[PDB]
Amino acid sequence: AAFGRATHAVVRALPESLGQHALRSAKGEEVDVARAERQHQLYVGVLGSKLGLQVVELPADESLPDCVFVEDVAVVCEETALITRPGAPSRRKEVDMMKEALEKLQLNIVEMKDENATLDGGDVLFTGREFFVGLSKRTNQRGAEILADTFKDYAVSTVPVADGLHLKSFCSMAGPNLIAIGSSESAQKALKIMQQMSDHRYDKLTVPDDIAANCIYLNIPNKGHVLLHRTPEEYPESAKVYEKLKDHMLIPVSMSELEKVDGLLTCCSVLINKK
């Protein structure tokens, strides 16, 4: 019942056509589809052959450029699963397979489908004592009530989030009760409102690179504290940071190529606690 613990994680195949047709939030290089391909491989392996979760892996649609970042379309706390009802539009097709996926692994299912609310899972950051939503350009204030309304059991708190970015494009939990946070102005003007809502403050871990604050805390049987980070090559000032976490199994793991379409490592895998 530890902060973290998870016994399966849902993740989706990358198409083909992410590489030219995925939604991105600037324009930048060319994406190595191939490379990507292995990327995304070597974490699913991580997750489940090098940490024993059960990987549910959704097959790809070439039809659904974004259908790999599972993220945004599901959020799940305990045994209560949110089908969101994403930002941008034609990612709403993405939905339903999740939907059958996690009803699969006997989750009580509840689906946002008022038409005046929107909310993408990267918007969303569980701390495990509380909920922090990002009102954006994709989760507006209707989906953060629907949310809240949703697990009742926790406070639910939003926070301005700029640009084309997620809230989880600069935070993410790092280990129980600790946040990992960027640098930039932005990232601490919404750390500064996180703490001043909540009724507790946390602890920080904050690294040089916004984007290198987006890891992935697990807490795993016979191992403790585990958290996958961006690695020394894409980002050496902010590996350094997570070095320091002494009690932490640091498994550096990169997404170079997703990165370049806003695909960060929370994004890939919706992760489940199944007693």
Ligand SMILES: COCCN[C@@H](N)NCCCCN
The other form holds:
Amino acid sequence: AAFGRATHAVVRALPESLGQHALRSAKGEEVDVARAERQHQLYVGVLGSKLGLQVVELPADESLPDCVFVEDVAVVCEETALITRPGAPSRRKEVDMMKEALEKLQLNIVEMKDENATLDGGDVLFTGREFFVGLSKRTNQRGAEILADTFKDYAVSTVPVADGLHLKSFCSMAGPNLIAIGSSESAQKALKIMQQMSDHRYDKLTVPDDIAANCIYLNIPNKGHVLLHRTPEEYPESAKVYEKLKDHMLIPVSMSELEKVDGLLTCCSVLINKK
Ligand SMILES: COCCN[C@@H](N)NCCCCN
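Now show me the form solved in complex with the ligand; what you just gave was the form deposited without the ligand.
Let us now look at the entire complex, which starts with that chain.
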């Protein structure tokens, strides 16, 4: 009932400098920055226009090429916001605008300040009853410690993440007590770690493409149990798996341009529930 409720979405415009200077783990086609802006506008359109969330759009900062990926700089649970200390040096000033937006939303703000701590919000899976935090190139144990202290109400457990991935590079919540999970060995080992550490186990939805396991679940009262998932023209066989959720309002949303710079669906928004 309560899980996935949101009233506000914080997003951030992307900068033109993204196409050229955004951190990129794997190299391939270049980014069509104009097209990426169109896909990002369609995505904000789903959140605000279609689903009715109050969207706070932060302006783009050319000096922060990754500023569109707001998920990495803030983790919000109930009324408290953890402003993170991103692993990547170039991203650290992205917290300034985030701090200001969340102040305006009157959230309890905690700023990660231990200079031995790093945490990327994309490494944080909040399941509704606990947190899993990936230990990765961007998030270390000290960062997980600070998250645990900030959200003392919830258990926090760490999961090793290999190869410059983030935890949510291959998983996300697809519904109450339901983890969407990739089929790779790494994704499957991560899940069994999470399952063994939890108080009690989660249901799972296995999708063939790891990247397609990153989706956005929203409880919009009197609209539906909404899932934004990658399109059938991006990942056809994963999209078909999501179709089995006959009780969900399924919304295909493309992220094909920003995926080139490791940008998935959860990365582009911070969802908040204001009562
Ligand atoms: C859900 O996370 C998937 C991986 N990317 C997230 N973490 N940040 C976006 C990439 C920023 C660097 N260009």
